[PDB]
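Below, in structure tokens: the form solved without the partner chain, a single chain.
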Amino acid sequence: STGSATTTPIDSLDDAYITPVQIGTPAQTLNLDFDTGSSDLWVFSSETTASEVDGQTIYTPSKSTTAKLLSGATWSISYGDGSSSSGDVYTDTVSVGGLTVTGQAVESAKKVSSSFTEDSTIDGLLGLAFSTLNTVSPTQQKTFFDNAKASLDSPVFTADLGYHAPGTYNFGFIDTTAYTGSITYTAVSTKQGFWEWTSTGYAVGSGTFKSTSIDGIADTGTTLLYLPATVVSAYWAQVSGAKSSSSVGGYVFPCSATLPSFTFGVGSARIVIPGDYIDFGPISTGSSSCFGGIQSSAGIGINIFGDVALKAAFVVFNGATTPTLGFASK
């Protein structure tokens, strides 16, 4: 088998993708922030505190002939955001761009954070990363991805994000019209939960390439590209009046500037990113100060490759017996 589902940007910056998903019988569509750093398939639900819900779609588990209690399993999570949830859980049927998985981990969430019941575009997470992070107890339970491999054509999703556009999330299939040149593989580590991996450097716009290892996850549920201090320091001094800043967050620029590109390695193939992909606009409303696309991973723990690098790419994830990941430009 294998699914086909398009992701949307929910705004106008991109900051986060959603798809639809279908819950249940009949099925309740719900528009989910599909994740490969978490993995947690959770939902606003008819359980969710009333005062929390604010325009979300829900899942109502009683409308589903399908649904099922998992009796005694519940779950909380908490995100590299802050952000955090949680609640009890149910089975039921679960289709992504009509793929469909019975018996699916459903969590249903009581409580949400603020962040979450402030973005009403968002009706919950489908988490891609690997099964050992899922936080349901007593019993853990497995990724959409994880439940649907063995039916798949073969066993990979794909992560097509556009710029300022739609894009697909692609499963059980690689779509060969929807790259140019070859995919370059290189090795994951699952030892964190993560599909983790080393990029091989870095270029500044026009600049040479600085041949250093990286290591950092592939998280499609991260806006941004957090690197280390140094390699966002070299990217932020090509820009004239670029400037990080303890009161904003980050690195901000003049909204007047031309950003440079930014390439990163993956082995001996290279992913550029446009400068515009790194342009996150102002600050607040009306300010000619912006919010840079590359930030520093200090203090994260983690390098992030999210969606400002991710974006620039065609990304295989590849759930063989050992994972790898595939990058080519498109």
Second form
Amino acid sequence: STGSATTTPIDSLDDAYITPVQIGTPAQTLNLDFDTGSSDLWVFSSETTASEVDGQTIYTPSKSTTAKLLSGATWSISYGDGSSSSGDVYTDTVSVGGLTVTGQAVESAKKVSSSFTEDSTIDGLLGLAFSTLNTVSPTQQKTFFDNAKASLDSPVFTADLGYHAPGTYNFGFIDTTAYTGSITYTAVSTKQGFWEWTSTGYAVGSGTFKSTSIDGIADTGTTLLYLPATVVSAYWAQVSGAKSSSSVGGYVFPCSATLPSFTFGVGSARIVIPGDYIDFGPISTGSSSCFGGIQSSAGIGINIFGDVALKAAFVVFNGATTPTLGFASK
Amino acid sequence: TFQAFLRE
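Can you switch from the form solved without the partner chain and show the form solved in complex with the partner chain instead?
Next comes the full complex, this chain leading.
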């Protein structure tokens, strides 16, 4: 089997992408944020405390003939940005772009933090990191990809994110018309439960490529590109009005500037981020300062190849027993 | 307004 779904940015800055997912019988469609940086599939529901629900579509398990409560299992998760949610667990049928999985755990939120209540566009998250990061207890639950593998034509999934435009998530096949050149594969370390890999170096604009190992994770659920402080400083040093602002939280530059490109190495190949993708957007509407797309990972602890980097390439999450990550220009 | 999906 295979699946194909359109993913669309939730706003004009590409803050995050949502993809519709059908849960239960008959199907209830919810727009979830596909996150390669965690392993929990959780949604807003009829169990979510009322005052924390605000504009999202919820999943009601009592209206699904295929839902089953998973006795005694509970979950609790917190994210990099400080948000969190917790609740109980049901198993149900979930389908994405035509690919159906029976018995998938769908974690039902009893409570959600403020930032989730505040964003009307995201109905929950669908985790696609390794199952060892799953928060359910006492027994962890498999992600939608892991439950899907047995039926997939091939055990992979690809992410083709667009810049200010929809894109696609594919399950079980590699669409050869969506990229140019050939895909270059790099090893993944699953020690930390992420799709963790090491870039062989970087280049800023038309300058030299420096070979230096940069270990990071490929995370479709992080908006920005977070790299080591000395590489982020070498990039901004090439933009005349950029400065690090403590008040805004990062490097800012005049919206007026033409930013240089950023290239990252994958093995012997190079993936080039055009400069316009690096210009995240004005600090406030009408402002003349814009927030930069590449920022320091020093305070986070790990480098993160987020959406700014992933939307410049076609990326293959090869889920074979020894997983690998593939990148191609597009 | 950025997001950064697991981790303490």
